[PDB]
Amino acid sequence: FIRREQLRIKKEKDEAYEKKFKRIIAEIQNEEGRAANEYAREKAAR
Amino acid sequence: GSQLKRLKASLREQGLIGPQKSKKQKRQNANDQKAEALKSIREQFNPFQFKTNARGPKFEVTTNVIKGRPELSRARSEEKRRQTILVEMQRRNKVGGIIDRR
Amino acid sequence: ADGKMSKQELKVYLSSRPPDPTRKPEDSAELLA
Amino acid sequence: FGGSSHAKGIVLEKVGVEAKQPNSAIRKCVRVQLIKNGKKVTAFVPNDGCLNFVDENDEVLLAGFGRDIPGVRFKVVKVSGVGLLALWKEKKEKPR
Amino acid sequence: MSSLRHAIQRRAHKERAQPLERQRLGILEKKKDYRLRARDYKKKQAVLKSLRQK
Amino acid sequence: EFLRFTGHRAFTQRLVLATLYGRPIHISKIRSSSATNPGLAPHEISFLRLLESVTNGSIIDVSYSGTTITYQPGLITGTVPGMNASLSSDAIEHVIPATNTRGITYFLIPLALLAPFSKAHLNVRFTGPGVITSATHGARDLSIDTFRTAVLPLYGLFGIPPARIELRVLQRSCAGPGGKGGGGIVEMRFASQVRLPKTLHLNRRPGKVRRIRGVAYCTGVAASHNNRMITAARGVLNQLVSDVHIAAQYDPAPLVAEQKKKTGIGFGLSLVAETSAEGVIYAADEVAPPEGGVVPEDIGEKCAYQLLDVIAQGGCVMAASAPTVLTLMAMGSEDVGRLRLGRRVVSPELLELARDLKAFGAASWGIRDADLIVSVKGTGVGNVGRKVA
Amino acid sequence: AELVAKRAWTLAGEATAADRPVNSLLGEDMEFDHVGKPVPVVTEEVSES
Amino acid sequence: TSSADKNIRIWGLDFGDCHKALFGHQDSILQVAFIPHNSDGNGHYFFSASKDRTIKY
Amino acid sequence: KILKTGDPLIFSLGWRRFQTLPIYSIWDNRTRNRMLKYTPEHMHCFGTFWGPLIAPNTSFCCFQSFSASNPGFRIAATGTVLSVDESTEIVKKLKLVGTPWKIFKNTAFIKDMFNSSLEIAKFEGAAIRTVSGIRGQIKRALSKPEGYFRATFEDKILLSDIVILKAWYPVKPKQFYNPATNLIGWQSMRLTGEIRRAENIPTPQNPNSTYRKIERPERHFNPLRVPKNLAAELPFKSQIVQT
RNA sequence: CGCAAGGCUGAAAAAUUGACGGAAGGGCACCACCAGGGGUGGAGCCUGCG
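Chains as they are written, first to last, in the authors' numbering: chain A, 858 to 903; chain B, 3 to 34, 43 to 74, 83 to 120; chain C, 107 to 130, 148 to 156; chain D, 43 to 109, 116 to 144; chain E, 1 to 54; chain F, 7 to 264, 269 to 380, 393 to 411; chain G, 492 to 540; chain H, 624 to 680; chain I, 825 to 1067.
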């Protein structure tokens, strides 16, 4: 029983962790790249 | 007899599978139980629900067959393992509990 | 009756989230393409 | 940014503090709030051994990052008035 | 990077040894010795499998 | 065990303030006159169990006769995967017995105003036989939708963000056979913790009551009950307000274990009046009596009357939400906070709250005129344990 | 006295049969990794499904 | 309550909850009546006369 | 000097000066909060003690002894309060170490690791590991010698190997609290080295534990040894020629 | 972001082709006959299952 319970816990925990940090990496990359492209366009105009 | 043939014979005796009766036959029946019968039929024709010995008793003694439900026993023991082992695995490191003396 | 509020008002009130207070074929070229 | 070279800011939250691999870019990144604009940007601490140094709500100076998350533009140069490389090299003690 | 770590970061980790109460049995097999054994045995099994096919 | 309280008035408020300030308490002489069922009530002991589950390091001791308890407080941990649940996102289960008569909102207001000072999130899931989610007759505890759209906007005013509050019912229940009964399950996911609540200023007059929105719920009866209640409420309030809008919700029935039985049939209504000024809202509600079978027209008229009374009475907060906003005011930073009460709104429960704050060690309240302005002095404790990053 | 005394068998790093007492693992509660997927035991819910 | 839908309902008469819908006759159930005296302990018994030539108790 | 866990330390934090004994810990890879035994040189490690609570983000200092005879730099450690809790979850590695007894091609019996079939049936299905890197699994208790067991490994382990099992044992700090009432007088707990120099006990050491140099001979293998029937049966193109 | 996402409601058929049989006649079966053989079941050991 402890084998089954710890396997289920480990699977769900790794799934939740992977999903959350996939979200966080994508969001930070999105915001930073958007600002970098805006600054590149505002710099190329000079 | 086979399982299929015995099951069909039992259902024809129970009247659940018989030929399509007429309105006159329905009147005769309404002029002239099956729940407990059907539960016995499902219990006896799904015999792997419970562990059974084929030889019977070793020495016949007369005075006045299931021998355990492994699925029901496993579900009950798993529920007990829930309420004890999973509970302590959640409260592995938990200090202080309510002291109820009543 | 006219108590039926709105899709928006249901989404504000009967939702799980509590309602915050801080809101108030023209041309031939295109035909051939 | 702005017209300046080094902008000040407040460390809002060390996002990615619970990453597994030690030198991951999400581990190193720090979300800050530029004071001159009140804006939210994200900056890199040069090593996880110095992410240990950066503390929350500290006047953090940051500059450009010229060269795993391509696009983070800023990197942390000073913390609370002390050079961050000197902090990591254990030259000065961080004034709090 | 490579200039962002101290010499104490770069300091090598020592390799433990067989306990002295068990030195008679030979050398303690660590990862490199294990890889040597795996390459040798896999090569011999490969040649024996090709001979069996033949 | 050091600080001393008596009586059973505002029992949960005494427990919650003891937990927040960390001052160990001893409540004696709970039910001394009632020899029939002396000592603790079942909702009170279920509240003790809930607080002990959410906390950590709390040692609660109920005496033999049960007319006196002691409480040494721990810390507000929340649902951490090491100690309270298995996952960081796993709902902590809480079951309360069938012999409960008070409402889940009476269970829930202390949990909500003790939530945002936690370490991790709160994922509390109330199930069990005795979970009534509607209004109760009792001492007139609120309903779930009343509680939500009538006090959680206040946390939104404090800065505890309502985008990350999360409260959802899954089954609805009224009282049922007698005062006991229930069946509905709720769950509550406080995903928003703060360090120090913002001190606030309810001072500007909330004159023009702009709009009125609400809910009419039925659990087990036909939809004609809510529709007649809508006609009642709109016929009473159309003399004054043109935009009254009351949704209708219908749930089949809740099922309770003993071989289940369907319980908790009832019907009720909850009204909210929102002022044009700011987060100022007047709420009222009414539930059918659990064995009466009275007119839904009469219930609509009765609840509209109660709402209009709170309209004519209240300064900026209603009487049911006054203690929560005041204890969060006191939880605020080391500053004065400026609340505008109405003259009719001050209650013996509120005066008892001020007494308990003075006893615990929070500073006092200065009262003046502008309805009357109370100015609280916050202590600035904040959440004790929160992993700073 | 506790600090100068010899450490317990648990707080030592390498515990074996000659070190610890007989059923001290039964006395203790630790955690460890597992391997392989265990076989799904038949339950009444699985059979009914 | 007996309808022409060949079925009857038992309602609780407080809040009007259908205690049970029950279909019991092959045709339209015409008349339904209780027995008034509970002094035998059987006040919750009732007969139903139905157009398929049946009384059901 | 480096500073050991369990050793006393006088903390200056808030207004209070108080001598307590902490438990040092690393946050291994953001998973498990492993317990250390010495602080790492020039690194922020997680300490943990039993004392009075302070709201977080409050910095603080750490001395070892308030004596003037100290020839250098009385201040030992700095830092900031991270959070507070009750019932910490400190975790220390326990290595249950055995030895192979009989070694088949894959399965191997292991002797000096367990004392009874009870303990093995508790640790059934466990993830055992050799020093060489071969993973493996404790599968089933053995019967005739009480305490031995069967493990299934990846590839053939050697009689020179050592089988380890890496479990995580929970450690809880001790709840000591001196107050350092310096104006009135107070008892200062001595450290480890001072205790040993006082009551004349040598520091414990294991000759199995000290680092030494290993002498690795150049591992040469036996040549291929084809079985007789196969070498007789394969065709003429690949028949081995051995004079 | 929008739709999905508003409760005459409150747990336990088709058929011109369909339903169930009966009597006769075949074929197969060490779960059948026939001829023999061998286990288990007696005492002790123990894995396992209930």
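There's no promise every hint is true.
Claimed, not checked - Below, a list of computed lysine to any residue pairs in the SDA-like style, where the Cα atoms sit at most 20 Å apart: (1) A/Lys-867 / D/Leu-76; (2) G/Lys-497 / I/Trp-925; (3) D/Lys-81 / A/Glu-869; (4) I/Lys-935 / E/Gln-23; (5) G/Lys-528 / A/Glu-888.
Stated by the list, open to error - Covered stretches of chain F (chain H as the covering partner; in silico rule of three or more C-beta atoms under 8 Å from a C-beta of chain H): (6) 74 to 80; (7) 292 to 302; (8) 320 to 328.
Unchecked claim - Here are the computed distance ranges between Cβ atoms for each label pair: (9) H/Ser-651 / B/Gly-66: 52 to 60 Å; (10) D/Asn-99 / E/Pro-19: 48 to 56 Å; (11) I/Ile-1008 / E/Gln-23: 21 to 29 Å; (12) B/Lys-85 / F/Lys-270: 48 to 56 Å; (13) D/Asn-99 / A/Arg-865: 34 to 42 Å; (14) I/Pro-876 / D/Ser-128: 48 to 56 Å; (15) A/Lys-879 / F/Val-247: 44 to 52 Å.
Worth flagging that the hints you see were computed from the coordinates, not collected in a lab. Backbone N, C-alpha and C fix where the C-beta goes; we use that ideal spot for every residue, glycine too.
Hint check:
1. Pair hint A/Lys-867 plus D/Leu-76 does not hold up; C-alpha atoms about 39 Å apart against a cutoff of 20 Å.
2. Of the pairs offered as hints, the one joining G/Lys-497 and I/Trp-925 is violated, with about 30 Å between alpha carbons and a cut-off of 20 Å exceeded.
3. Distance restraint check for D/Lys-81 and A/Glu-869: the Cα-Cα separation of roughly 36 Å exceeds the 20 Å cut-off, and the hinted pair is therefore not satisfied.
4. At roughly 18 Å between alpha-carbon atoms, I/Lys-935 and E/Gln-23 fall within 20 Å of each other, so this suggested pair holds.
5. About 41 Å separates the Cα atoms of G/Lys-528 and A/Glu-888, which puts this hinted pair outside 20 Å; it is violated.
6. Given a C-beta distance limit of less than 8 Å, the hint that chain H covers the stretch 74 to 80 of chain F is violated, as 0 residues qualify and 3 are needed.
7. For a cut-off of 8 Å, the count of residues in the stretch 292 to 302 of chain F with a CB near a CB of chain H stands at 3, and the three-residue condition holds.
8. With 0 residues carrying a beta carbon less than 8 Å from a beta carbon of chain H, the stretch 320 to 328 of chain F misses the three-residue requirement, and the given coverage is violated.
9. Between H/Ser-651 and B/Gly-66 the beta carbons are some 58 Å apart, a value that agrees with the proposed interval 52 to 60 Å.
10. As the Cβ distance of D/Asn-99 to E/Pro-19 is approximately 52 Å, the hint placing it in 48 to 56 Å holds.
11. The hint said 21 to 29 Å for the Cβ distance between I/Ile-1008 and E/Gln-23, and at roughly 59 Å that hint is violated.
12. At roughly 32 Å, the beta carbons of B/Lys-85 and F/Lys-270 sit outside the given window of 48 to 56 Å.
13. Our hint of 34 to 42 Å for D/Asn-99 and A/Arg-865 holds, since their Cβ atoms are close to 39 Å apart.
14. For the pair I/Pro-876 and D/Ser-128, the supplied restraint of 48 to 56 Å is violated, since their beta-carbon distance comes to about 27 Å.
15. Separated by about 49 Å at the C-beta atoms, A/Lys-879 and F/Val-247 satisfy the suggested range of 44 to 52 Å.
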